[PDB]
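**Q** Spelled out, the chains give:
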Amino acid sequence: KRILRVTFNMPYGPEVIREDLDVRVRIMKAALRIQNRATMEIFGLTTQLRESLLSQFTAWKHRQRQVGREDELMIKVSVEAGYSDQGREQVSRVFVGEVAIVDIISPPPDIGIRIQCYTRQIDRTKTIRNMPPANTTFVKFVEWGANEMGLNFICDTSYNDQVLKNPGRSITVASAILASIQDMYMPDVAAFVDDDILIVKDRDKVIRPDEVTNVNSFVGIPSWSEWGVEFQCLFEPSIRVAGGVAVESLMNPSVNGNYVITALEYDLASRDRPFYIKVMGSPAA
Amino acid sequence: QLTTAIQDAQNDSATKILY
Amino acid sequence: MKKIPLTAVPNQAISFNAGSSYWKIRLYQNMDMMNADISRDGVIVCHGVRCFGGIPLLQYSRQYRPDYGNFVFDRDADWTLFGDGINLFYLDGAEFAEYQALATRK
Amino acid sequence: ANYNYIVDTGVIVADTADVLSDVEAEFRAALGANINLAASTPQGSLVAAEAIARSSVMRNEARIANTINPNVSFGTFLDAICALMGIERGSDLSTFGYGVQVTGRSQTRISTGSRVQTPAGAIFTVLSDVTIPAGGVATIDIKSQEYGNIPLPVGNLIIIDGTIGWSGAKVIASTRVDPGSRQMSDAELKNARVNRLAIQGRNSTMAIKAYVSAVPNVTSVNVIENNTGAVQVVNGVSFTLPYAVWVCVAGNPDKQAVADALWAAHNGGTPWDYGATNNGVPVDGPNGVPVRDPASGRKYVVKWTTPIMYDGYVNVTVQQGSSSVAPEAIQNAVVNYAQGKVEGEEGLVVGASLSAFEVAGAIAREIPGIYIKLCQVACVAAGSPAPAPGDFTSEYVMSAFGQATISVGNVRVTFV
Amino acid sequence: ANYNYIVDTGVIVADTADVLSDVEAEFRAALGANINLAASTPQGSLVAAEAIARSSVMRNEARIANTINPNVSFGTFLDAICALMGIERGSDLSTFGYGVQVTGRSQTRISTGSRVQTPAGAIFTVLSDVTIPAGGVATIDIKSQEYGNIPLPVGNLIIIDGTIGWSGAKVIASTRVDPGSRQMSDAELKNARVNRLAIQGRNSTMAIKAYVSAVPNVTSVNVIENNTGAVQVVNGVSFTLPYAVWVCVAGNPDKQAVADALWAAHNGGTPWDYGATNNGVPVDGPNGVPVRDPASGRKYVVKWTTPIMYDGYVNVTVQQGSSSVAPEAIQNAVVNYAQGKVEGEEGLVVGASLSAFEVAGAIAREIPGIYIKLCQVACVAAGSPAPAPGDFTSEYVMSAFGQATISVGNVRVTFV
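Residue numbers (the UniProt record's numbering), protein chains in the order written: chain A, 3 to 287; chain B, 840 to 858; chain C, 1 to 106; chain D, 2 to 417; chain E, 2 to 417.
By construction, these hints were calculated from the structure, which means they are not laboratory data.
Fair warning: there could be bad hints in the mix.
[To be verified] Below, a list of computed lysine-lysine pairs in the DSS-like style, where the Cα atoms sit at most 30 Å apart:
1) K24/C to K3/C
2) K342/D to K300/E
3) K167/A to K144/E
4) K78/A to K855/B
5) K256/E to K342/E
6) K300/D to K256/D
One chain only, chain A, in its complex shape:
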């Protein structure tokens, strides 16, 4: 019994959209500089709910007006998905981000909205309040970037003790910080933002050696790829991005091994068949 919630944050409070309404959330996260995205198709909206939500979602009041100094400029929405049977819940968190676009896909008799949320869409920040370090090592520049963005950081890499001259003095906004941390040292070590945690790590290392996920049940077949193992699965509320996987397949016996995660393809539909997550993984070292 799938349980999917879309929880907005508005002045009135959190208005949770449950799974009783036709909801369809397509999320795609990855270990890059690009903001992970979630498309949301929500049907069955009443007139009052539409007035409460769509009118709040806007791109104005920061271009033709001022009304902006901090958050509340755009509504931040989180996603809590999982399963529930025998009374126990499994609602994890699968996405946190701010809306940017809203449209309508289905006309009457079912007025269905389709919003587009991106992680860290608050790039309308204080244009870098604190100046970057003049000379500093990679780990300390990462710490400065995390502090500027307001997110806790996980810096686990072998390039931390390398000095830089002018590490990001052309940066204009908070979002460009991640692009810069990605720009320097891009054979392996790609930094990204997963929810509210900024992860800077080598591509062949697991953020968490103790949090390997043993996988034995797959939808379809766990296959090879030009990098690693690619496979789809039913929603397990224990698979993050950059996490370690311990694939143990039946159809393909030689894809077994330990892999790290590079991409993630959530497709959750409460009132439709697709409730799968697709994992791109590469060999872990």
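Go by the hints and put chains B, C, D and E onto chain A.
**A** Using the frame of chain A, we list chains B, C, D and E on its own:
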């Protein structure tokens, strides 16, 4: 589809400074 | 003081970011008590900590110092009443120091 | 295959699925690579046995790994640890009422466990069969079904399970109601260990102050230690022996109570002193108060002094503000401050100097708006004529063994 | 098939193993008496596996049982024993301050600016500060590692700069805290436990020693008693007053904290004696650290001394036998033993005595098979040149007051 990717490409090119 | 949700499962592992540290507590029923394996930032901290009400899980100083925090059970641990009746609370450095000062002069 | 489930960070206990898999792998390697390890087969039965074992031992070891740590111990282990400091867990007994009167008729026989009841619950079981004599009334012995100090007040016991002929039961005043006990919890044992540690983590003077301030009616206490090996003034009190400790207690508590507190907190070897003359009232005579040690019948004598009482007069010449106030309000504010009923400020405790500036501050904090022109203080001995005008000064300093008391009548308020 | 109990000499429960015969005799008389228990058979493999399992069970149980007593325990197991007596396990820290920085003009001295002193400094700046136009600023710094560090009072090296800043420096006014370090005291917790076996107690020589040792950065404490009060000299160090406690504290702790702990462990009314001129180095000459009594009254004086610093040398002659080259691990072993890292043999402490046999014993500890021939030691005061080869003898008395120290370069090793 492709309109989603188009919207993504547009959102990439929005930052807080005009020049 | 942060309440860590629990599950009425005899053996479980809860993983969270609390107090600028990443904790992982594996609570399991051992004979007629509850034991916990506590790990912070990946590396293990303690194994098989017998759990009681009011006594911090991280007992020895270097595990909760400096300002690392601690975990406290309101009552004696019992997975049958987890979530509704028994809660595990996380205290940061200052809160745990104040709790220790309170409990060192009972 | 067994790894090392002991390691150094305490005992690591794996899941029974994992240990069963290890045992199954061992049996498969031993007997045959494709042996049927089904639970109904003899090899499967042996696997299940070796899986119940090799897990019972792991769980026992993890159960009693860090058992010498008193903070998180349990059961007999906690009892053994607590018995090192004399703390012993009690025994869970029950009330054992004897001689309970029973009224009936002829030769009615009361059987064991007749289960009488007190007016407020508390079912008691008869522990001895009896037969009523020709007089019609007899005595029985009852034991509380539950545990602890169950009350058995004098009154008419009601009968739950009564035979034919038994009229009633009464707790006559001759009944010996032997009380019971309700053991002691492990949390209470750890708590008592903490109490004993707090008691014995203190030095001489600190323990003196704590024990004698815990006594009721003790407003303040001044503890002074010579620690010089020379009869001299250290910082305000003229001692009389080279190695001694001097304690002054305010208030009007029970002399035996404060003496017992002194004795219980006494450091040892270092004797008390009354000081020199006029070094705090050496009450109870030249010889100190004797107390009986609760531990042994040997008595011990303790000496302590009450503060030199001083009567404090305060003259104020306040100018009335917009709002109307009565001089009784100022007098009561000063009296409350001197008694110490205000927050923050200690007041006129022993060894506290009497400052007109502090009195003016208290007067202001209780009565804002009025304008204070001049405040003066004066100190005299108790039961002496009030000081003449001009004797008042802006501040009176007091010794380490005196206490100033200000009454409502000692505050002279002038409305200028 | 037995648990040997070393009653007094080793205090260890030891497994006896030899359980395969017992397992074989168990299979016999239960599966019959004619069973072919020979190997290369299924029952033989079963018996071998069961015997292995039961030897492992016995070993694990013996180790867990032996963890109850020290000298055989390890992390989180010996620590239950330490916490039984309240000997704290112990933390880490690193933070400095006040470090001056002479620089160019309006340089942005940004956070975590890496700096380094002689012993691998690795010092960062806590928060970014911008240089004032005068050119002199003060920053607050922390240490990368979590070890007891002594920064030199001279600026040594910086890593990160905009090439405009000249250099940082350390001034006398800078606040330096020597930090505690995990345990590093891991094998010598067993040494420190015996000394601090009475931390939870007060008002005794052992309690005073335990508490002062518990004070951070106090490597060693010597506390004498004066039970026989007739001036004289008791256990070394002349005693001016008849009854007094003489305290010698090593390390580089904070005077206020050490004096507060010494006050907390006071013993009633026993004075503090640190005179006799050369006996120790007085902390503050006459009128030592005042401190404040927690039982609020007066400002007393706590008197202790610091040891006389000595510099030791070690001349070793070894054969480099058994075909194992070792050129400069010998001085590392010697300095480890002197610092007290070894288990059970506390090194050069305030009450130590530099022994040639002890040094040769430590060398034979850490590396056997070199056949030490000569291990002369001698020593001199804190300054002074080398004592010349004529002074190198087999022993130094190193009286109760004072403290020896062996440098890494003060050990000379020669191969014969």
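**Q** Confirm or reject each hint.
**A** Evaluation of the provided hints:
1. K24/C to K3/C: Roughly 15 Å between the alpha carbons, so the hint for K24/C and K3/C holds.
2. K342/D to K300/E: 28 Å, holds
3. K167/A to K144/E: 24 Å, holds
4. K78/A to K855/B: The given pair, whose Cα atoms are some 18 Å apart, holds under the 30 Å limit.
5. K256/E to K342/E: Distance of about 26 Å is within 30 Å: holds.
6. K300/D to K256/D: The hint holds at about 16 Å.
Violated hints are absent here; each numbered hint is respected by the structure.
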